[PDB]
Amino acid sequence: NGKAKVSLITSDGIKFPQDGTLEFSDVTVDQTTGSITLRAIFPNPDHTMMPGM
Amino acid sequence: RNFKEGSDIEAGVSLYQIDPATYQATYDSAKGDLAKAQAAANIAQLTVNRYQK
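So the sequences go chain by chain: B and E. Using the deposited numbering, read the first sequence as starting at 239 and increasing by one per residue. Using the deposited numbering, read the second sequence as starting at 79 and increasing by one per residue.
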């Protein structure tokens, strides 16, 4: 009823200290991946996320 | 940015802000020179209105 919730699980095998929102869902399937790019927006007051993982 | 990502946007819905700061000045130069032409054509319009009589 509230769009949406996505959690992370990085290379450790334990989830991220918090979780957040699937902001939107693309409708452009990428040509050379055949794959929708969802965009999940996450809070990071710790800088333990790194753009590109 | 002034839209919501992934949403539906109608035509003409002004939701990016390119920095107006240069283009505000070029607009104010021209809207200056509009009043430079209007005032010079105001009194051009009076000097007919003062000669038509």
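Since the hints were made in silico from the structure, they are not lab data. Mixed in with the good hints there might be a few duds.
Unchecked claim - With a Cα cut of at most 30 Å, we get these calculated DSSO-like pairs of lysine-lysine:
#1 E/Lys114 <-> E/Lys131
#2 E/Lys114 <-> B/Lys241
#3 B/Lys253 <-> E/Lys131
#4 B/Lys253 <-> B/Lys241
#5 E/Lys82 <-> B/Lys243
What the hints assert, rightly or not - Across the chosen pairs, the derived CB separations fall in these ranges:
#6 E/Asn80 <-> B/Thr286: 52 to 60 Å
#7 E/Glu88 <-> B/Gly258: 51 to 59 Å
#8 E/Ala118 <-> B/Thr275: 56 to 64 Å
#9 B/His285 <-> E/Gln95: 41 to 49 Å
#10 B/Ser245 <-> E/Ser92: 35 to 43 Å
#11 E/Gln116 <-> B/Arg277: 44 to 52 Å
#12 E/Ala99 <-> B/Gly272: 38 to 46 Å
Unchecked claim - From the derived model, a few chain B residues whose C-beta atoms are all more than 12 Å from chain E:
#13 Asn239
#14 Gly240
#15 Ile247
#16 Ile279
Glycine included, each C-beta is placed from N, C-alpha and C at the ideal position.
Structure-based check of all given hints:
1. E/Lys114 <-> E/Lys131: 27 Å, holds
2. E/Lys114 <-> B/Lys241: 55 Å, violated
3. B/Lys253 <-> E/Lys131: Roughly 89 Å separates the two Cα atoms, so the pair is violated.
4. B/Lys253 <-> B/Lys241: Judged against 30 Å, a Cα distance of about 20 Å means the pair holds.
5. E/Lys82 <-> B/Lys243: OK: E/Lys82 and B/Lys243 at ~18 Å, within 30 Å.
6. E/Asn80 <-> B/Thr286: 52 to 60 Å: Roughly 30 Å apart at Cβ, these two residues miss the hinted range, so it is violated.
7. E/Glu88 <-> B/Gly258: 51 to 59 Å: 29 Å, violated
8. E/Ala118 <-> B/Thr275: 56 to 64 Å: Distance hint for E/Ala118, B/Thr275 holds at roughly 57 Å.
9. B/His285 <-> E/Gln95: 41 to 49 Å: 28 Å Cβ-Cβ, so the 41 to 49 Å window is violated.
10. B/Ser245 <-> E/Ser92: 35 to 43 Å: 36 Å, holds
11. E/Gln116 <-> B/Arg277: 44 to 52 Å: Roughly 50 Å apart at Cβ, these two residues keep to the hinted range, so it holds.
12. E/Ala99 <-> B/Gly272: 38 to 46 Å: Distance hint for E/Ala99, B/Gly272 holds at roughly 43 Å.
13. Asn239: Nearest chain E Cβ is 18 Å from B/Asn239, so the label holds.
14. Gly240: 15 Å, holds
15. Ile247: Fine: 24 Å to the nearest Cβ keeps B/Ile247 off the interface.
16. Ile279: 9 Å, violated
The earlier numbered hints that this structure contradicts are 2, 3, 6, 7, 9 and 16.
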